[PDB]
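> Now for the letters of each chain:
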Amino acid sequence: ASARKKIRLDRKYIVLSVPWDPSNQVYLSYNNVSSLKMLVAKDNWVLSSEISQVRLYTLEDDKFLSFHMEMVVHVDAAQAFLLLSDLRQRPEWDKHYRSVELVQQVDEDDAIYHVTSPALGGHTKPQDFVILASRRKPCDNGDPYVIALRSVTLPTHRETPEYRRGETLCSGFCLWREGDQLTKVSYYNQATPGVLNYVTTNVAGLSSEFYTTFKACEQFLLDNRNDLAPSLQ
Amino acid sequence: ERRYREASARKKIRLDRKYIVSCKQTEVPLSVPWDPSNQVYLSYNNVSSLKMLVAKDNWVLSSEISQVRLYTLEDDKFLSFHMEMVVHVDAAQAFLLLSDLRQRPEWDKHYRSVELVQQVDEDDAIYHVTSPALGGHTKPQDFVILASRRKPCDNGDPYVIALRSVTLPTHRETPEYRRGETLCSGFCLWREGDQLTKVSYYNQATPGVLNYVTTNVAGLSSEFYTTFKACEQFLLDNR
Ligand SMILES: [Cl-]
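Chains B and A are the protein sequences, given in the same order.
With the authors' numbering applied, the first sequence corresponds to residues 352 to 366, 375 to 592, in that order.
Going by the authors' numbering, the first residue of the second sequence is number 346, and it counts up by one from there.
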């Protein structure tokens, strides 16, 4: 199944950014967040695998092989929200984040980041991304905390030969409070063309780097479970 | 139209911040226990509450498209809204069609399914409704709703179809669905002539769907209008 499933997915899915403008920062931010929420609610998510109560789902759209991972972590959702919404700290737990640079603090809950990523799948250059991150605290009615990521273009931050400029359409974290010191943590990625080989390898079960990274995510949250620094920034 | 989109986006942020602390069951009777000994008053109160909501003086007209109107009331504990249009159907027939909650899934995508739980009397019934997951959720919602319908007492008065959440020992919350509550919703229908009816839908407080309400009210989405349009086409198809 594995090798064959991988090759089928590759054959199916082989071969996204929006211009940023200060005059539409509020709308772009809404759309960033709203897109992630809508992705969560799509009706055709299918469980691909489970390993140690951690679940990997896919959505095989006509355009995209979307995936998401879910786990339950013994950390407070508000704390998980501050820890995960600071993308500067993501290189610490996520190997796929080689570096992170804050381009533009847009407001309290929105920022543009320059992200670089190690090359994977034969490339002799790393990838880079210019990403709008938009975070929202929910109403206390059971809605999730949301940290939404989508690629944006800026006249000053176009691609240079140092990196393959990639794009991500709709990615990020949702966190649902499940109890005192219990959070359901999910990471979603709708479409990131430049890493499809890597996705299909993971989704088919030839690799478990997604599981490994999500384990390091949990450990990062637990290790920083009770840090005050996030809430005082 | 960038400017107008930016305004909408700002309005949603304002509203969301304003109601970020949801109204609780201790503060307002989002649901009430179903008590068959009190069935008469429970239905009376359901109708009277919707009549009072209608008569509130602080409704503000927030938008209009094709002479369909969306009003809002930014109350202190919750954000109430109501939609209003006039349809080329007899009020008496609209009354039968809109009181039949089991038919509501045919025109309202928010009603995924409806089960009649108890017919209390000719004009009052309790239903179990399921609703599709909105953005940010993976489980559908369910509700247990008392629907009480009344004809107009005098001329000028509306037909009233009042909905309010109730609880029952046979339909307690289950892990399969996120249980929602509605405080006071439903339809008022006024005769505007021969086969003209003013059709209004009201929703005082459904705290579980706040984000969806703010998106629509802010004008970033038009799903309220799309559903109300389908409502119209349902009524026209069923004359
Ligand atoms: Cl959910």
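If you are wondering where the hints come from, they were derived from the structure by calculation, not from laboratory data.
There may be inaccurate statements among the hints.
As the list claims (entries may be wrong) - In the DSS-like style, the derived pairs of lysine-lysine whose C-alpha atoms are separated by at most 27 Å in a straight line are:
| id | chain 1 | residue 1 | chain 2 | residue 2 |
| --- | --- | --- | --- | --- |
| 1 | A | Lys496 | B | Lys401 |
| 2 | A | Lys401 | B | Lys422 |
| 3 | A | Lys543 | A | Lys369 |
| 4 | A | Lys484 | B | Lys574 |
| 5 | B | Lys401 | A | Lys543 |
| 6 | A | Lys356 | A | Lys574 |
| 7 | A | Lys396 | B | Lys543 |
| 8 | A | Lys484 | A | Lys454 |
| 9 | A | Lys496 | B | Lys543 |
| 10 | A | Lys454 | B | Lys422 |
| 11 | A | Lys363 | A | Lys401 |
| 12 | B | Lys543 | B | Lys484 |
| 13 | A | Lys396 | A | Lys484 |
| 14 | A | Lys454 | A | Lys543 |
| 15 | B | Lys496 | A | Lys422 |
| 16 | A | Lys356 | A | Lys496 |
| 17 | B | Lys496 | A | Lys543 |
| 18 | B | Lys496 | B | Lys422 |
| 19 | A | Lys422 | A | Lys363 |
| 20 | B | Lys422 | B | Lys401 |
| 21 | A | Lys369 | A | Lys574 |
| 22 | B | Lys401 | B | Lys356 |
| 23 | A | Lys396 | A | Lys574 |
| 24 | B | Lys496 | B | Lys357 |
| 25 | B | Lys496 | A | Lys496 |
| 26 | B | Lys484 | B | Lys363 |
| 27 | B | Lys454 | B | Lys543 |
| 28 | A | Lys401 | A | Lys543 |
| 29 | B | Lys496 | A | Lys401 |
| 30 | B | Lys401 | A | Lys574 |
| 31 | A | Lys396 | B | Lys496 |
| 32 | A | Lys484 | A | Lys401 |
Stated by the list, open to error - These stretches of chain A come out as covered by chain B in the derived footprint (C-beta under 8 Å, 3 or more residues):
| id | segment |
| --- | --- |
| 33 | 385-392 |
| 34 | 453-464 |
| 35 | 555-561 |
For every residue, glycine included, the Cβ atom is placed at its ideal position computed from N, Cα and C.
> List in ascending order the numbers of the hints, as given earlier, that are violated by the structure.
Hint check: 1, 2, 3, 5, 7, 9, 12, 13, 16, 17, 18, 21, 24, 25, 29, 31, 32, 33 and 34 fail, others pass.
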